[PDB]
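Peer 1: Each chain, letter by letter, is given below.
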Amino acid sequence: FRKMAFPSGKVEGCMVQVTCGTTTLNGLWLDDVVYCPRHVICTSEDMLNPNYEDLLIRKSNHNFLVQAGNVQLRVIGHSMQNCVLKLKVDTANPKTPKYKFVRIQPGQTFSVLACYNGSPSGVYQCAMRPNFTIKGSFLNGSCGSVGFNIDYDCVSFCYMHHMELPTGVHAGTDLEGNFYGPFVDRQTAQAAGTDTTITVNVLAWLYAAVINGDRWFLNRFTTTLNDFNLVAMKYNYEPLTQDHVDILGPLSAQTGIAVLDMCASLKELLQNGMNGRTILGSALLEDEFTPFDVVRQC
Amino acid sequence: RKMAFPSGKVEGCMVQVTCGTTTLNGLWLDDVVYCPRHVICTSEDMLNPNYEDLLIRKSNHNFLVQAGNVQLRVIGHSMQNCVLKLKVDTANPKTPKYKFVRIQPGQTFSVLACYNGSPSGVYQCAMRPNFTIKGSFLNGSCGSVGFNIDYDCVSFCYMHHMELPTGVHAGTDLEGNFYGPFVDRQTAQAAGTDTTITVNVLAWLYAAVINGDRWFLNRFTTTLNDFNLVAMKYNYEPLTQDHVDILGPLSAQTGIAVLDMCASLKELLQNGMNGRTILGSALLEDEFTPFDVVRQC
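Residue numbers (our numbering), protein chains in the order written: chain A, 1 to 298; chain B, 1 to 297.
Since the hints were made in silico from the structure, they are not lab data. One or more of the hints may lead you astray.
No more than 20 Å apart at the CA atoms, straight line, and that leaves these computed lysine to any residue pairs for SDA-like [said to hold, decoys possible]: (1) B:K134 <-> A:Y124; (2) B:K2 <-> A:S119; (3) A:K135 <-> B:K2; (4) B:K2 <-> A:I134; (5) B:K2 <-> A:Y124; (6) B:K134 <-> A:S119; (7) B:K2 <-> A:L139; (8) B:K2 <-> A:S121; (9) B:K94 <-> A:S137; (10) A:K135 <-> B:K134; (11) B:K2 <-> A:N70; (12) B:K134 <-> A:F1; (13) B:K97 <-> A:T241.
Covered stretches of chain A, as calculated for chain B (at least 3 residues, CB under 8 Å) [what the hints assert, rightly or not]: (14) 3 to 16; (15) 112 to 124; (16) 277 to 287.
A virtual CB, placed ideally from N, CA and C, is assigned to each residue, including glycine.
When you get a sec, could you build the whole thing from the sequences and use the hints?
Peer 2: As structure tokens, this is what we get:
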């Protein structure tokens, strides 16, 4: 089983480079506006304690060198929405796809077009962790790269990359500029909270392995909902809510295995390990597959 | 993380090819459409098709090439080996700069998997030693292509043809030559025993020490002959001298000579990883090449 990213074409055409001062990073070009992280304007001296309203009011339109591959791009206006700098530009992007700006919730999956200096470098599928971070591959220069789902024509932009956190993990905002998590585009001592496993996702990953013909982890047991949580907590798993149960109903009725019976297997797998075995090619319990993802690609 | 190429230069090449009641994918590049030759076969045909014969009878009006909504009219058809080349009336505007390439086992490429011509998603992939490739597709995904990009330039490696009982896939290079001992005929085929790609494990292990996974090292050193004897009994492909020189760039940037790293690997092949993981896998993953590692470090 393969983690599958979305075909990045519609995003590729919106990736531009944005420069301010000595700083350069990526921006997102939709419809005569260019979205980018607001720290493009800090001197990294300003990073310890930046007054953004003060640094921005000291900037002219001409202070923003914006390039889209070959051609410059005139900035005729500039404003700030929460942590995102919104750059009015001379020309509307003709490759603007159909889009929306979505704020996802932790556990949900999306794809990331990692870029450098406005050049797309690669694409990958990841997940927002319960502690509001993204475990990803970002060299210095990924700032501004975006996270999205594509649905029919419609790119659902849900994430823009801002910061690396000491843990090695990545913090960003939605495309409105509100951070995911207790993180601030500033140089504090913010550490990521304690990560947890997305219990609802590993369960859905377990149905897929049965659907693709693996039954060896099941058993004869079942478990109350409360009993299952009190056990999984001990392994740093996210509580399983009645909402999480309902979400799984589809995948249950397709396989014939009740959702709490399936939790009975997760309990056994957590107590035993896999005894040398694997599941869809992993020796780990995979939490970056959501119920939606499993229904689509199985 | 595993990191596929930007897909949009290829997305704008995916078209649908229907012939009878098989419908699969095709690649449209400058007035030709590329496609598995087993589109011209049916229920009973593909139990032993004579392909030269099945195609000398059919004509252009047995092929339905659709680029989304716009239908392309086919104005000539030829085979190469197992690729079917349908000439069409309209040259593709979105045609990119491109080469046909044939990759080697243990090389990586990106699969832009599509269904009836519209692309589903992209993933990163390796050509296994047994010449199959791991993961899953299903019914509609033949004609989905594999590729690398270098500079402006899409290098096409692969075209999906077959699935096999292992749960794994079989395809040709873009010139119609099969990768592996497989045929575009519906009778019983199987992967050979696949082996693990030794030089990609070493490049992975380097990528670990490049990110401060520093504990699987030892102060020790095996050598090429003594290491390969291990390789043979854990079903790892042998390490070569070209395998070492390739890893120089990564040995240069660590202090870790390549054979030292091999002693580390042996004691993981023997003992195991002993509880811990390396970059969050309990497996010694081997679908990252030395170039892949550097391209992302």
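Peer 1: Next, verify each hint and record whether it holds.
Peer 2: For each hint, the structure was consulted:
1. With a CA separation close to 18 Å, the supplied pair B:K134 and A:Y124 stays within the 20 Å bound.
2. Restraint check for B:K2 and A:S119: the C-alpha separation of about 19 Å stays at or below 20 Å, so the hint holds.
3. Taking the CA atoms of A:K135 and B:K2, the gap is about 12 Å. The hint holds against a cut of 20 Å.
4. Using a Cα cut-off of 20 Å, the hinted pair B:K2 and A:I134 holds, with the two alpha carbons roughly 15 Å apart.
5. Between B:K2 and A:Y124 the alpha-carbon distance is near 7 Å, which keeps this suggested pair within the 20 Å criterion.
6. For the hint pairing B:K134 with A:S119, the CA-to-CA distance comes to about 30 Å; that exceeds 20 Å, so the pair is violated.
7. Simply put, B:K2 and A:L139 have alpha-carbon atoms about 14 Å apart, close enough for the 20 Å limit, and the pair holds.
8. The straight-line distance between the Cα atoms of B:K2 and A:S121 is roughly 13 Å, inside the 20 Å bound, and the hint therefore holds.
9. Taken as a hint, the B:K94 and A:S137 pair is broken in the structure, with Cα atoms around 30 Å apart against an allowance of 20 Å.
10. Distance hint between A:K135 and B:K134 is unfulfilled; the C-alpha atoms sit about 24 Å from each other, more than 20 Å.
11. With a C-alpha separation of about 29 Å, the suggested pair B:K2 and A:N70 falls outside the 20 Å cut-off, and the hint is violated.
12. The straight-line distance between the Cα atoms of B:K134 and A:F1 is roughly 8 Å, inside the 20 Å bound, and the hint therefore holds.
13. Of the supplied pair hints, the one linking B:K97 and A:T241 is violated, its CA atoms being roughly 51 Å apart against a limit of 20 Å.
14. With a cut-off of 8 Å between beta carbons, the region 3 to 16 of chain A has 10 residues touching chain B; three or more are needed, and the interface restraint holds.
15. Under the rule that three or more residues need a Cβ within less than 8 Å of chain B, the assignment of the region 112 to 124 of chain A holds, with 7 such residues.
16. For the region 277 to 287 of chain A, the assignment as covered by chain B holds, since 5 residues bring a beta-carbon within under 8 Å of that chain's beta-carbons and 3 suffice.
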